[PDB]
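Given as C-alpha coordinates, the chain that follows is alone and in the form deposited without the ligand.
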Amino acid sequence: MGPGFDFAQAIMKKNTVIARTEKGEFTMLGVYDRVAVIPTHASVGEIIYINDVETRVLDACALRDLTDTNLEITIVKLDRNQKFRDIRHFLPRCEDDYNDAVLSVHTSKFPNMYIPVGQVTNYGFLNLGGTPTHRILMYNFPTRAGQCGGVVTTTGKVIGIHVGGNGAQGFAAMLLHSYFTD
(Lines of atoms letter the chains of each structure in order from A and count residues from 1; the text may use other names and numbers.)
(Lines give C-alpha, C1' and ligand atoms only; values in the text may rest on other atoms or scores of the structure.)
Protein backbone atom coordinates (compact mmCIF):
# COMPACT_ATOMS: atom_id res chain seq x y z
CA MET A 1 0.00 0.00 0.00
CA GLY A 2 3.12 2.26 0.48
CA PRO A 3 6.99 2.17 0.28
CA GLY A 4 7.25 0.03 3.49
CA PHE A 5 5.09 -2.71 1.95
CA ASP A 6 6.94 -2.26 -1.41
CA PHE A 7 10.39 -3.03 0.15
CA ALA A 8 8.85 -5.91 2.20
CA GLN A 9 7.22 -7.45 -0.93
CA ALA A 10 10.52 -7.26 -2.88
CA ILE A 11 12.34 -9.17 -0.05
CA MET A 12 9.53 -11.78 0.18
CA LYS A 13 9.30 -12.46 -3.58
CA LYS A 14 13.04 -13.13 -4.15
CA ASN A 15 14.60 -13.89 -0.71
CA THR A 16 12.19 -16.25 1.15
CA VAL A 17 11.46 -19.98 1.01
CA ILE A 18 9.11 -22.18 3.07
CA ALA A 19 11.31 -24.33 5.40
CA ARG A 20 9.77 -27.45 7.06
CA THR A 21 11.50 -29.22 10.01
CA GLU A 22 10.02 -31.76 12.51
CA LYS A 23 9.00 -28.64 14.57
CA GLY A 24 6.78 -27.09 11.78
CA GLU A 25 6.73 -24.78 8.73
CA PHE A 26 8.74 -21.50 8.97
CA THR A 27 9.36 -18.43 6.81
CA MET A 28 13.11 -18.76 5.96
CA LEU A 29 15.08 -15.69 4.77
CA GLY A 30 17.78 -16.34 2.12
CA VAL A 31 20.70 -13.87 2.60
CA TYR A 32 23.32 -14.72 -0.13
CA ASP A 33 24.58 -17.76 -2.13
CA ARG A 34 22.96 -20.86 -0.44
CA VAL A 35 22.99 -19.27 3.07
CA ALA A 36 19.68 -18.62 4.92
CA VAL A 37 18.46 -17.97 8.48
CA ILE A 38 15.69 -19.53 10.63
CA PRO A 39 14.79 -19.36 14.35
CA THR A 40 16.97 -21.78 16.39
CA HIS A 41 13.80 -23.38 17.92
CA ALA A 42 13.11 -24.81 14.37
CA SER A 43 15.74 -27.49 15.39
CA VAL A 44 17.35 -27.82 11.92
CA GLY A 45 18.74 -31.34 11.25
CA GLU A 46 20.77 -33.09 8.50
CA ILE A 47 17.75 -32.84 6.10
CA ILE A 48 15.19 -30.00 5.73
CA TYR A 49 12.28 -29.45 3.27
CA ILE A 50 12.62 -26.22 1.18
CA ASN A 51 9.38 -25.44 -0.78
CA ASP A 52 8.52 -29.21 -0.27
CA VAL A 53 11.90 -30.35 -1.86
CA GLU A 54 14.02 -32.72 0.33
CA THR A 55 17.31 -30.77 0.86
CA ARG A 56 20.62 -31.72 2.54
CA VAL A 57 21.86 -29.26 5.18
CA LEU A 58 25.59 -28.63 4.35
CA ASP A 59 26.21 -26.65 7.61
CA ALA A 60 24.08 -25.13 10.42
CA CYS A 61 25.21 -22.87 13.30
CA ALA A 62 23.07 -21.67 16.25
CA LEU A 63 24.47 -18.20 17.03
CA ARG A 64 25.33 -17.05 20.58
CA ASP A 65 26.85 -13.71 21.65
CA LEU A 66 30.31 -13.43 23.29
CA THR A 67 28.58 -13.61 26.75
CA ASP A 68 27.64 -17.18 25.48
CA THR A 69 23.92 -16.09 25.47
CA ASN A 70 21.40 -17.50 22.90
CA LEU A 71 20.62 -15.12 19.95
CA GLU A 72 17.86 -17.47 18.55
CA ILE A 73 19.32 -17.21 14.96
CA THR A 74 20.45 -20.40 13.14
CA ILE A 75 22.47 -19.83 9.92
CA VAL A 76 21.92 -22.69 7.45
CA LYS A 77 23.85 -23.54 4.28
CA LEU A 78 21.51 -25.47 1.91
CA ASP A 79 22.46 -28.06 -0.79
CA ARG A 80 20.21 -26.11 -3.22
CA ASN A 81 20.89 -25.76 -6.99
CA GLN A 82 20.23 -21.98 -7.02
CA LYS A 83 21.70 -18.96 -5.16
CA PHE A 84 19.70 -16.23 -3.37
CA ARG A 85 19.93 -12.61 -4.48
CA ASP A 86 22.65 -11.10 -2.22
CA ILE A 87 20.81 -8.79 0.29
CA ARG A 88 23.66 -8.32 2.82
CA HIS A 89 23.90 -4.56 1.94
CA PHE A 90 20.33 -4.18 3.45
CA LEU A 91 21.49 -5.51 6.90
CA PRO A 92 22.17 -3.03 9.73
CA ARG A 93 25.72 -2.82 11.10
CA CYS A 94 24.71 -2.00 14.76
CA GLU A 95 21.95 -2.64 17.37
CA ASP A 96 19.27 0.08 16.92
CA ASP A 97 15.62 1.14 17.36
CA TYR A 98 13.41 1.66 14.23
CA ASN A 99 10.20 3.38 13.11
CA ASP A 100 7.46 2.03 10.83
CA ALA A 101 8.44 -1.68 10.45
CA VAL A 102 6.57 -4.42 8.51
CA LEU A 103 6.53 -8.11 9.49
CA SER A 104 6.09 -10.37 6.38
CA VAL A 105 5.21 -14.12 6.51
CA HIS A 106 4.88 -16.66 3.75
CA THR A 107 3.73 -20.21 4.71
CA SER A 108 0.95 -22.70 3.68
CA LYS A 109 -1.04 -21.29 6.71
CA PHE A 110 -0.29 -17.53 6.09
CA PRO A 111 0.49 -16.90 2.35
CA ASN A 112 1.44 -13.32 1.25
CA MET A 113 0.89 -11.90 4.78
CA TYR A 114 2.19 -8.35 5.59
CA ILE A 115 1.65 -6.73 9.06
CA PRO A 116 2.48 -3.05 9.78
CA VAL A 117 3.87 -3.42 13.37
CA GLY A 118 4.97 0.23 13.80
CA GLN A 119 7.74 1.30 16.20
CA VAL A 120 10.45 -1.30 17.02
CA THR A 121 12.29 -1.10 20.43
CA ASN A 122 15.86 -2.36 21.03
CA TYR A 123 14.55 -4.46 23.98
CA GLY A 124 17.80 -6.39 24.61
CA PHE A 125 17.36 -9.21 27.15
CA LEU A 126 14.28 -11.51 26.98
CA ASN A 127 13.50 -14.81 28.70
CA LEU A 128 12.20 -16.46 25.49
CA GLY A 129 10.39 -19.77 26.25
CA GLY A 130 12.59 -20.08 29.41
CA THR A 131 15.85 -19.40 27.45
CA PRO A 132 17.79 -16.15 28.27
CA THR A 133 18.12 -14.38 24.85
CA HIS A 134 19.98 -11.16 23.77
CA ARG A 135 19.57 -8.64 20.86
CA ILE A 136 15.72 -8.85 20.94
CA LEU A 137 13.62 -6.27 19.07
CA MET A 138 10.06 -5.65 20.35
CA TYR A 139 6.90 -4.38 18.58
CA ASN A 140 3.33 -3.86 19.88
CA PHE A 141 1.32 -6.31 17.70
CA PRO A 142 -0.42 -9.54 18.90
CA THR A 143 1.67 -11.94 16.72
CA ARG A 144 0.53 -15.63 16.62
CA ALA A 145 1.96 -19.17 16.15
CA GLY A 146 2.93 -19.63 12.45
CA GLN A 147 4.61 -16.16 12.10
CA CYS A 148 8.04 -17.33 13.47
CA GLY A 149 10.81 -16.75 10.88
CA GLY A 150 8.71 -13.85 9.51
CA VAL A 151 10.95 -11.07 8.13
CA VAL A 152 11.02 -7.63 9.86
CA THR A 153 11.89 -4.74 7.48
CA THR A 154 11.91 -0.96 7.33
CA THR A 155 12.23 1.04 4.08
CA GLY A 156 15.69 -0.04 2.87
CA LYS A 157 16.65 -2.35 5.83
CA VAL A 158 16.15 -6.04 6.74
CA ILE A 159 16.41 -5.80 10.57
CA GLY A 160 15.26 -9.13 12.15
CA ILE A 161 13.33 -12.42 12.10
CA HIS A 162 10.22 -13.01 14.29
CA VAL A 163 10.97 -15.51 17.14
CA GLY A 164 8.05 -15.18 19.62
CA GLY A 165 5.37 -13.18 21.38
CA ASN A 166 3.39 -12.89 24.64
CA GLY A 167 -0.13 -12.31 23.12
CA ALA A 168 0.25 -8.44 23.14
CA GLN A 169 3.86 -7.92 21.91
CA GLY A 170 6.00 -9.67 19.31
CA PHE A 171 9.77 -10.24 19.47
CA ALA A 172 12.39 -10.55 16.72
CA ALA A 173 16.08 -11.57 16.78
CA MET A 174 18.33 -8.85 15.26
CA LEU A 175 20.06 -9.51 11.97
CA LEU A 176 23.48 -7.80 11.76
CA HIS A 177 25.81 -7.50 8.72
CA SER A 178 28.68 -9.05 10.79
CA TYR A 179 26.78 -12.40 11.00
CA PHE A 180 27.21 -12.96 7.18
CA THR A 181 30.77 -11.77 6.34
CA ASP A 182 32.63 -14.45 4.23
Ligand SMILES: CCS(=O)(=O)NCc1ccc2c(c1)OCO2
The other form holds:
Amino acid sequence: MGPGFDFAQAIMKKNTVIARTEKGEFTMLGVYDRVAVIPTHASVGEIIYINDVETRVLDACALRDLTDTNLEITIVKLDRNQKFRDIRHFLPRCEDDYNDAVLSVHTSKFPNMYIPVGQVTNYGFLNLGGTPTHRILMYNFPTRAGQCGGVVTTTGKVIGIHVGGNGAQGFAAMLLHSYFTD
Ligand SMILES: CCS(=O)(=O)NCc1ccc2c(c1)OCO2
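Please give the corresponding structure for the form solved in complex with the ligand, as opposed to the form deposited without the ligand shown earlier.
Time for the whole complex; same chain goes first.
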Protein backbone atom coordinates (compact mmCIF):
# COMPACT_ATOMS: atom_id res chain seq x y z
CA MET A 1 0.00 0.00 0.00
CA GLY A 2 3.02 2.35 0.68
CA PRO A 3 6.88 2.33 0.69
CA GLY A 4 7.09 0.26 3.94
CA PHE A 5 5.10 -2.56 2.29
CA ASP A 6 7.16 -2.02 -0.92
CA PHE A 7 10.45 -2.78 0.92
CA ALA A 8 8.86 -5.72 2.86
CA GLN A 9 7.49 -7.26 -0.42
CA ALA A 10 10.95 -6.91 -2.11
CA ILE A 11 12.52 -8.93 0.78
CA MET A 12 9.74 -11.56 0.86
CA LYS A 13 9.79 -12.15 -2.94
CA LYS A 14 13.55 -12.92 -3.19
CA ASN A 15 14.90 -13.67 0.33
CA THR A 16 12.40 -16.06 2.02
CA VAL A 17 11.72 -19.80 1.87
CA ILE A 18 9.23 -21.96 3.75
CA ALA A 19 11.20 -24.04 6.33
CA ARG A 20 9.64 -27.18 7.92
CA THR A 21 11.13 -28.93 10.99
CA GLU A 22 9.50 -31.49 13.39
CA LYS A 23 8.31 -28.37 15.37
CA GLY A 24 6.31 -26.83 12.42
CA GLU A 25 6.42 -24.54 9.33
CA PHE A 26 8.41 -21.25 9.68
CA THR A 27 9.10 -18.20 7.52
CA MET A 28 12.89 -18.44 6.97
CA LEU A 29 14.96 -15.38 5.89
CA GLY A 30 17.87 -16.07 3.50
CA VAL A 31 20.70 -13.54 4.15
CA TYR A 32 23.52 -14.40 1.65
CA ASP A 33 25.02 -17.42 -0.18
CA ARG A 34 23.27 -20.53 1.38
CA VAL A 35 22.99 -18.91 4.87
CA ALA A 36 19.55 -18.32 6.42
CA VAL A 37 18.05 -17.65 9.90
CA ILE A 38 15.17 -19.23 11.86
CA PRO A 39 13.99 -19.06 15.52
CA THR A 40 16.05 -21.42 17.74
CA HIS A 41 12.78 -23.04 19.04
CA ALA A 42 12.35 -24.49 15.47
CA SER A 43 14.96 -27.11 16.69
CA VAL A 44 16.81 -27.44 13.33
CA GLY A 45 18.36 -30.93 12.84
CA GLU A 46 20.59 -32.62 10.23
CA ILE A 47 17.69 -32.49 7.63
CA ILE A 48 15.15 -29.67 7.02
CA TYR A 49 12.39 -29.23 4.34
CA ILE A 50 12.87 -26.01 2.23
CA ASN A 51 9.79 -25.29 0.02
CA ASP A 52 8.86 -29.02 0.63
CA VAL A 53 12.29 -30.30 -0.67
CA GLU A 54 14.41 -32.52 1.64
CA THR A 55 17.62 -30.47 2.31
CA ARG A 56 20.80 -31.41 4.26
CA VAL A 57 21.83 -28.89 6.95
CA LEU A 58 25.60 -28.24 6.48
CA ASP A 59 25.87 -26.20 9.76
CA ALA A 60 23.48 -24.79 12.41
CA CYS A 61 24.51 -22.43 15.23
CA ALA A 62 22.13 -21.28 18.03
CA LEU A 63 23.45 -17.78 18.82
CA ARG A 64 24.07 -16.61 22.42
CA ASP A 65 25.53 -13.29 23.60
CA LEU A 66 28.91 -13.01 25.42
CA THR A 67 27.05 -13.36 28.80
CA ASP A 68 26.00 -16.87 27.42
CA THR A 69 22.32 -15.65 27.21
CA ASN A 70 19.99 -17.04 24.48
CA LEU A 71 19.45 -14.71 21.43
CA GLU A 72 16.75 -17.07 19.90
CA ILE A 73 18.44 -16.86 16.41
CA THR A 74 19.77 -20.01 14.70
CA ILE A 75 22.02 -19.43 11.64
CA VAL A 76 21.63 -22.31 9.18
CA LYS A 77 23.81 -23.17 6.16
CA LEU A 78 21.69 -25.18 3.65
CA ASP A 79 22.94 -27.74 1.10
CA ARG A 80 20.91 -25.89 -1.59
CA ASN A 81 21.84 -25.56 -5.32
CA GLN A 82 21.12 -21.79 -5.41
CA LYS A 83 22.35 -18.69 -3.48
CA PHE A 84 20.20 -15.98 -1.85
CA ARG A 85 20.49 -12.37 -2.98
CA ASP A 86 23.03 -10.82 -0.55
CA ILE A 87 20.99 -8.50 1.76
CA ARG A 88 23.61 -8.00 4.52
CA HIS A 89 23.85 -4.24 3.65
CA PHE A 90 20.18 -3.87 4.89
CA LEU A 91 21.10 -5.16 8.42
CA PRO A 92 21.55 -2.65 11.27
CA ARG A 93 25.01 -2.41 12.86
CA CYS A 94 23.75 -1.58 16.43
CA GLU A 95 20.79 -2.21 18.80
CA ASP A 96 18.10 0.48 18.21
CA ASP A 97 14.43 1.52 18.38
CA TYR A 98 12.48 2.00 15.08
CA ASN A 99 9.32 3.66 13.74
CA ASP A 100 6.71 2.25 11.33
CA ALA A 101 7.80 -1.44 10.99
CA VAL A 102 6.11 -4.23 8.94
CA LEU A 103 6.05 -7.91 9.95
CA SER A 104 5.85 -10.17 6.85
CA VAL A 105 5.02 -13.94 6.90
CA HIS A 106 4.89 -16.52 4.11
CA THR A 107 3.72 -20.06 5.05
CA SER A 108 1.14 -22.61 3.72
CA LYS A 109 -1.25 -21.22 6.48
CA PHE A 110 -0.41 -17.47 6.02
CA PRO A 111 0.70 -16.76 2.39
CA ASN A 112 1.62 -13.17 1.36
CA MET A 113 0.79 -11.78 4.85
CA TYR A 114 1.97 -8.22 5.76
CA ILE A 115 1.18 -6.58 9.16
CA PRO A 116 1.91 -2.88 9.90
CA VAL A 117 3.09 -3.27 13.55
CA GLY A 118 4.05 0.43 14.08
CA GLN A 119 6.65 1.55 16.65
CA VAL A 120 9.38 -0.96 17.67
CA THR A 121 11.02 -0.71 21.16
CA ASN A 122 14.53 -1.99 22.02
CA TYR A 123 12.98 -4.06 24.88
CA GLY A 124 16.17 -6.02 25.75
CA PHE A 125 15.57 -8.77 28.32
CA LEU A 126 12.58 -11.12 27.96
CA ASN A 127 11.73 -14.40 29.69
CA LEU A 128 10.59 -16.10 26.43
CA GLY A 129 8.81 -19.47 27.00
CA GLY A 130 10.78 -19.73 30.31
CA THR A 131 14.20 -18.96 28.63
CA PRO A 132 16.07 -15.71 29.58
CA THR A 133 16.55 -13.96 26.18
CA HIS A 134 18.44 -10.75 25.19
CA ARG A 135 18.24 -8.25 22.24
CA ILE A 136 14.40 -8.47 22.00
CA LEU A 137 12.42 -5.93 19.95
CA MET A 138 8.77 -5.34 21.01
CA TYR A 139 5.76 -4.11 18.98
CA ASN A 140 2.17 -3.58 20.15
CA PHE A 141 0.41 -6.04 17.80
CA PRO A 142 -1.45 -9.23 18.90
CA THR A 143 0.67 -11.66 16.82
CA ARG A 144 -0.43 -15.37 16.77
CA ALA A 145 0.95 -18.91 16.30
CA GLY A 146 2.20 -19.33 12.69
CA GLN A 147 4.03 -15.93 12.55
CA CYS A 148 7.38 -17.17 14.05
CA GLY A 149 10.28 -16.50 11.67
CA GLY A 150 8.30 -13.59 10.16
CA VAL A 151 10.58 -10.78 8.93
CA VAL A 152 10.52 -7.35 10.64
CA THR A 153 11.52 -4.49 8.28
CA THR A 154 11.45 -0.73 8.08
CA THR A 155 12.05 1.20 4.81
CA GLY A 156 15.63 0.21 3.91
CA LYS A 157 16.35 -2.08 6.95
CA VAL A 158 15.80 -5.77 7.89
CA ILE A 159 15.82 -5.48 11.71
CA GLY A 160 14.57 -8.79 13.23
CA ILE A 161 12.68 -12.09 13.04
CA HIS A 162 9.44 -12.71 15.01
CA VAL A 163 10.01 -15.21 17.92
CA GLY A 164 6.92 -14.85 20.17
CA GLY A 165 4.10 -12.84 21.76
CA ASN A 166 1.93 -12.54 24.92
CA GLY A 167 -1.48 -12.06 23.13
CA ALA A 168 -1.18 -8.18 23.13
CA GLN A 169 2.54 -7.62 22.24
CA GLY A 170 4.84 -9.38 19.72
CA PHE A 171 8.60 -9.95 20.13
CA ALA A 172 11.40 -10.21 17.56
CA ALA A 173 15.08 -11.21 17.90
CA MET A 174 17.41 -8.49 16.51
CA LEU A 175 19.41 -9.14 13.36
CA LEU A 176 22.81 -7.41 13.45
CA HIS A 177 25.32 -7.10 10.58
CA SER A 178 28.04 -8.60 12.91
CA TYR A 179 26.20 -12.01 12.96
CA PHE A 180 26.98 -12.56 9.18
CA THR A 181 30.57 -11.21 8.59
CA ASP A 182 32.91 -13.64 6.68
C1 LIG B 1 7.03 -18.32 24.48
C2 LIG B 1 5.97 -19.05 23.70
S3 LIG B 1 5.51 -18.19 22.20
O4 LIG B 1 4.35 -18.84 21.67
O5 LIG B 1 5.45 -16.78 22.48
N6 LIG B 1 6.72 -18.41 21.11
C7 LIG B 1 7.11 -19.76 20.67
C8 LIG B 1 8.27 -20.25 21.50
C9 LIG B 1 8.25 -21.53 22.06
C10 LIG B 1 9.29 -22.00 22.85
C11 LIG B 1 10.37 -21.16 23.06
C12 LIG B 1 10.42 -19.91 22.49
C13 LIG B 1 9.38 -19.43 21.72
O14 LIG B 1 11.63 -19.32 22.74
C15 LIG B 1 12.28 -20.19 23.68
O16 LIG B 1 11.48 -21.36 23.84
